[PDB]
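Take a look at the structure set out below.
Below is a slice of the complex: some chains, not all, each in place.
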Amino acid sequence: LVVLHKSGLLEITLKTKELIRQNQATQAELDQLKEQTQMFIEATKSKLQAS
Amino acid sequence: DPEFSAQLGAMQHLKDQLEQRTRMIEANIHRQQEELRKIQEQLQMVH
């Protein structure tokens, strides 16, 4: 941990886990936005309100 | 009260918020990518 801090791999590890976290959140948001699309454009060819 | 130009305008309103969500996520991702660049930089400087 001392070497980790002085090498600054500590900072890198933490910022990297945080960026991974953020990226997973963006992936989740993107998946939901995806499902509502491909469902929006679908009700324009003939559930939605219920959603 | 109004006529089904209610339809048209409902559709447009929904499409607009949905697209707004798209640009919000797009902004999010770019911020992530710059953080990426910073991490990759910082990581190039470790022996």
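A few notes on this one:
Labels for the chains are A and B, by order of writing; each one numbers its residues from 1.
Note that in this section contacts are C-beta pairs under 8 Å (C-beta built on N, C-alpha and C of every residue); 3 or more make two chains touch, one makes a residue touch a chain.
What you see is one copy per chain type; the file as a whole holds them as A x2, B x4.
As a working rule, only the chains that are shown with their structure count from here on.
Subunit A and subunit B, compared by their mean Cα positions, are separated by 12 Å. On the subunit B side of its complex with subunit A, the touching residues are 11, 14-15, 18, 21-22, 25, 28-29, 32, 35-36, 38-39, 42-43, 46-47. Interface residues of subunit A, counted against subunit B in their complex, comprise 7-9, 11-12, 15-16, 19, 22-23, 26, 29-30, 33, 36-37, 40, 44.
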